[PDB]
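Before we start, here is the structure in question, set down as structure tokens.
A single protein chain has been removed from this complex, and every other one stays in its place.
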Amino acid sequence: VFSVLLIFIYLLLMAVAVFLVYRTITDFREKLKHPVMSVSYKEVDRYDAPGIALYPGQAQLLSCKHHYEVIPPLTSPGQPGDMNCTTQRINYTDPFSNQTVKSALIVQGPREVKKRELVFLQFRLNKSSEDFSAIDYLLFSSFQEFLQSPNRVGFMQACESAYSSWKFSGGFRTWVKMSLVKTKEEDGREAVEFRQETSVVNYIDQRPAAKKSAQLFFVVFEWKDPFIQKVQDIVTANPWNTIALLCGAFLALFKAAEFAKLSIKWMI
Amino acid sequence: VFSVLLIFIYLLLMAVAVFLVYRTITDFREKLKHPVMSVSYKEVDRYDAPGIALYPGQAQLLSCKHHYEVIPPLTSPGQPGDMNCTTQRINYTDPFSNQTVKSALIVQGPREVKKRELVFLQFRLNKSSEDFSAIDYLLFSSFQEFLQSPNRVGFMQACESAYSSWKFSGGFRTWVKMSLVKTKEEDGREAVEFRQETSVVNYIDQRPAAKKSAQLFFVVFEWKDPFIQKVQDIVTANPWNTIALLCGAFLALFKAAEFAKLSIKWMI
Partner (left out) sequence: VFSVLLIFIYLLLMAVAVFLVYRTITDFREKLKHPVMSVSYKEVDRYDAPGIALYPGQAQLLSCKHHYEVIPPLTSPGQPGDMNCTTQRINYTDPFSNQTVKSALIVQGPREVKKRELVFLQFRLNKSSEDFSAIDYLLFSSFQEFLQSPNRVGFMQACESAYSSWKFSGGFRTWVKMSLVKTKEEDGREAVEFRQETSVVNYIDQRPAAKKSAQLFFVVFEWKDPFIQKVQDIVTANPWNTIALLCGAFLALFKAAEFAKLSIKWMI
């Protein structure tokens, strides 16, 4: 009969509404669990002076110069001179071991990026008792923060775990091109880290055989490109959009049921 | 006349509805073609023992030791000893050529990551007849899987193409920091691959000139950080959301047409 058919149609519409609700709930849960990633690139005319933390240990810093896009030939490799840069020593306890004390050297990085400003560091090591010579190094956002901070040690304990300390080797003029990655944690705070592309270049040993005992390290720190990579974890599980969608679907289903009832009545 | 104006308004609303339908269809097709990417990081207290597959060939494995965050100095480089690790040889046919037989060596990787556990491998090569000496290597998820698999050869034919085999050279204590990337294929299966950051460090030749003929290889395998990168291809082209949006728009347009008709009648 017409009434039974209308009742069945209304029940089917109610079942469809319940299924739509279930699908929206499960999809909202899924989208909440899995935020999408948005990568943007910010133009910068001048980078904040990035702090470069080396750990020479027993290797003195022979030279620390600044240059623009090209390194001039060495007047006399292995001889100290031309410390035309700002440097600050420090000694800090390891955050993890808490016993070993690490002696770090903080150097101002290159500020100009459009001009390809770079910092050239020549170390030296004499009669090293340990094989596999290398110097660790790390990067943090601003040397000015290290300058003006109330306590400088705690800054280093924070940066040691905030960033990851790489290593560079002796006999290679390791060219380090840096870039900044700022990740939004969706908690009102952005974590800034350094992505460094290292290209090692061999060194020619033209020194006298006697001087071959000492092992020379060379490194260069510059800025890859004036792009800062902002990575934001966008969340598409917006409750208001889901509520609006569900209300629209419910109203459409109710009016479809009313249309079906009107059509059934008209047919009768 | 009022009737003509109402008819034109209703026709305009119908055209708007058709345009909305077309836009929704094309946007749904586009979103279906281009899924978005969601990157998440999973904390892990202990990594599954990762399998390191080397291909020494003619270079014997002088030493295979385990260490925690620091490599002790070599008592006597170039002298075998201290094989304090699990190793399994194997010979398998190349999946591509099917003729050349590769002799691989599977080593258990570092399990502890919070403690920075690492495996130190010292090989050696004597009177090498080939220039550009180096050893290939590759990584797969779990050495236990290789242990307990029914057929071990097929596991290697699968891993050779599933992962990409890198190379590490002689005279450099290549430091390999591993990380796991698990990509969801949206087919109920996740593909797990290794992203390895390599930092080479030169080696000091303090051996006698006569011993200089043999070439020594040194490599280290550890875990970068206790973070596993899950990359999921989220799909935003949800048919139910599109249907709900279209139904809501249709109902809104129908009621707008009815409001316009009522207003026209009231004006008359």
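Just so it is clear, A and B label the chains in written order, and each chain counts residues from 1 on its own.
Criterion: a residue touches a chain if its C-beta (ideal position, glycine included) is under 8 Å from a C-beta of that chain, and two chains touch if they have at least 3 such contacts.
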{"item": "Which of B:89, B:115 or B:255 contacts the chain that the document leaves out", "value": "B:255"}
{"item": "Hidden partner chain, touching residue among A:26, A:91 or A:199", "value": "A:199"}
{"item": "Touching residue (missing chain; options A:166, A:217, A:218 or A:221)", "value": "A:218"}
{"item": "Identified contact with the non-displayed chain, of A:28, A:175, A:221 or A:223", "value": "A:175"}
{"item": "Touch residues of chain B, complete complex, unshown partner", "value": "20, 23-24, 27, 31, 34-37, 128, 130-134, 164, 166-172, 198, 200, 215, 236, 244-246, 248-249, 251-253, 255"}
{"item": "Residue numbers in chain A that touch the chain omitted from display", "value": "36-40, 71, 73-74, 77, 172-173, 175, 199-204, 206, 218, 224-225, 232, 234, 236, 238, 240-241, 243-245, 247-248, 250-251"}
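The criterion applied here is as follows: only the chains that are shown with their structure count from here on.
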{"item": "Distance from the mean Cα position of chain B to that of chain A, given in whole angstrom", "value": "19"}
